[PDB]
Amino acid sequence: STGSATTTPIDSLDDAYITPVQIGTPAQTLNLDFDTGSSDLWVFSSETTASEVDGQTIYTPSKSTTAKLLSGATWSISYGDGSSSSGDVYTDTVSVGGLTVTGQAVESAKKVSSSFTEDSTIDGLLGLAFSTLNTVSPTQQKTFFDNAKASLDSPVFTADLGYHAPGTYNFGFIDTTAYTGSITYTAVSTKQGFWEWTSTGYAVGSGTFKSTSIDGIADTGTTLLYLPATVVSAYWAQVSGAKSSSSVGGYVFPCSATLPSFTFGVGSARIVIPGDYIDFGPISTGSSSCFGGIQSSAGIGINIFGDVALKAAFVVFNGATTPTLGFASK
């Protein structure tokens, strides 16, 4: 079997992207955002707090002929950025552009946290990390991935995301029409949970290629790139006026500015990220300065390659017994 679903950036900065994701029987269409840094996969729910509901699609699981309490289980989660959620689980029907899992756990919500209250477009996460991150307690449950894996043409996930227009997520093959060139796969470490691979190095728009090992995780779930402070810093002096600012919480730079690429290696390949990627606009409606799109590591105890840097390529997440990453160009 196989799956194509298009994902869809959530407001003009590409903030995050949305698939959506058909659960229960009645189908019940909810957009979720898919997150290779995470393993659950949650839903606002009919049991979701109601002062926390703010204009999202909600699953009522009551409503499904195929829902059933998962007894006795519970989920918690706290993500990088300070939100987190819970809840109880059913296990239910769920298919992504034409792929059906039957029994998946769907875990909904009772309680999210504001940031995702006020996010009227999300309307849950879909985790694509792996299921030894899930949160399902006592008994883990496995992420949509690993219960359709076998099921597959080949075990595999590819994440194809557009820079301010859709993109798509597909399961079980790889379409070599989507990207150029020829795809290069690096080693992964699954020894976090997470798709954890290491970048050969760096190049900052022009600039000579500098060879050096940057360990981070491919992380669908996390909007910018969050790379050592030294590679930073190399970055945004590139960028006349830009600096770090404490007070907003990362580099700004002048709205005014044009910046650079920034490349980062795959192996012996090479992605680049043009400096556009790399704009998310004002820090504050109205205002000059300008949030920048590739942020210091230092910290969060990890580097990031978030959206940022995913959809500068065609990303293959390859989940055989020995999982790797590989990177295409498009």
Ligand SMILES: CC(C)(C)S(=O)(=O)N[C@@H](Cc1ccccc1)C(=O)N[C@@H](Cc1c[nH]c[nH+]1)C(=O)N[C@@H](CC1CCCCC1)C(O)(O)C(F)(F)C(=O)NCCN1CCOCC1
Given for the second form:
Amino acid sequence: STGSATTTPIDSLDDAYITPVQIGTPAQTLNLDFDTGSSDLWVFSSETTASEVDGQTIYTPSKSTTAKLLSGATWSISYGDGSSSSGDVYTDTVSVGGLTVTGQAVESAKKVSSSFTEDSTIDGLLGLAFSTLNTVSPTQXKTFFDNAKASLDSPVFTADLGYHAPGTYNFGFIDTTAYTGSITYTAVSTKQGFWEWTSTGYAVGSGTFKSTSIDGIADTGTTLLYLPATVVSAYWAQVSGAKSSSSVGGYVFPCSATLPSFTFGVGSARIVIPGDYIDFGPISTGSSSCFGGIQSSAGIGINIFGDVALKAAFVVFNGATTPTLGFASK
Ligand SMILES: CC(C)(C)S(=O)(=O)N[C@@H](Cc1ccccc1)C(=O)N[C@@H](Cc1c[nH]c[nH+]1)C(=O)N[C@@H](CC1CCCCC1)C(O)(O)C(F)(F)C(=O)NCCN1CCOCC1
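Now that you have shown the form deposited without this ligand, what about the form deposited with this ligand bound?
And the full complex, kicking off with our chain again.
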């Protein structure tokens, strides 16, 4: 089997991407944030405290004929930006781009944090990291991808994120029309549960590629590109108007700049982000100062290849028993 689904920037910044998923019988369609940096399918639901729901679409399990209470199971999660939700656990039929899974764990929020309430466009999260990161106890869990793997034509899914446009998530096959050149594969480490890989260095603009190991995770659920302090400082030192803002919290530059490209290595291969990907947006509507799309990871503890990198590439998540990561240019 295979599936395919249009994914959609939630705003004009590419702050995040949402994807329609059908849950239950007759399907309820919810707009979920596909997140390869966590492994919980959690939704807004009829169980959510009401003063905490705010425009979102909700999952009603009682209205689905195929929902079953997962007795005794609860979950709690918190993300890197400090937001959080908890509640209890159903299994139910879940469908993504015509790819259907049964007795998939759907995690039902009883409470959500403020950031989630205030975010009207995202109805919940589909976690696509490894299943060890799943928060449901007493037994975790296991993601959509894992549940699907047995029926997939290939134990694989691809991320095709568009710049200021729609894109594609595919499961079970690889679309050869979707990129240019060949995929280079790199080794994954599942030690921390992440899509964790090691970049072989970087170049800024037209200058020299520098061979240095950059350990980092590929993370569709993170907006920006976070790199070590000395790599990021080396980029922004090419942009004449760029300074680090304490108040705004990272590198800003004049919106009028033309930014240099940034190349990261994958094995012997190179992936170039266009300078335009890295102009993130004005810090206020009508500002002359913009917020940069590459920031320091020093406060975070790990490097994140997030949306700014990934939407520059056709990215292949190969979940064979030894997982690897694929990059093509597009
Ligand atoms: C607007 C912004 C200034 C650019 S922002 O940084 O707030 N963007 C958010 C994403 C977002 C999209 C749309 C609307 C609102 C917010 C963002 O980048 N969130 C990061 C926070 C971060 C990391 N570094 C610096 N900041 C995050 O938590 N991302 C997780 C997925 C997100 C969570 C918020 C909702 C959208 C999905 C994540 O899973 O990808 C993660 F990897 F970052 C993460 O925190 N994974 C948590 C891993 N858990 C830990 C507990 O054990 C199990 C595993």
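Residue numbers count along the first chain shown, from 1. We call the rigid core whatever largest set of C-alpha positions still superposes within 1.5 Å between the two forms.
Once the two forms are fitted on their rigid core, between these two forms the CA displacement reaches 2 Å or more only for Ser287 among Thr29, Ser287, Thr60, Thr66.
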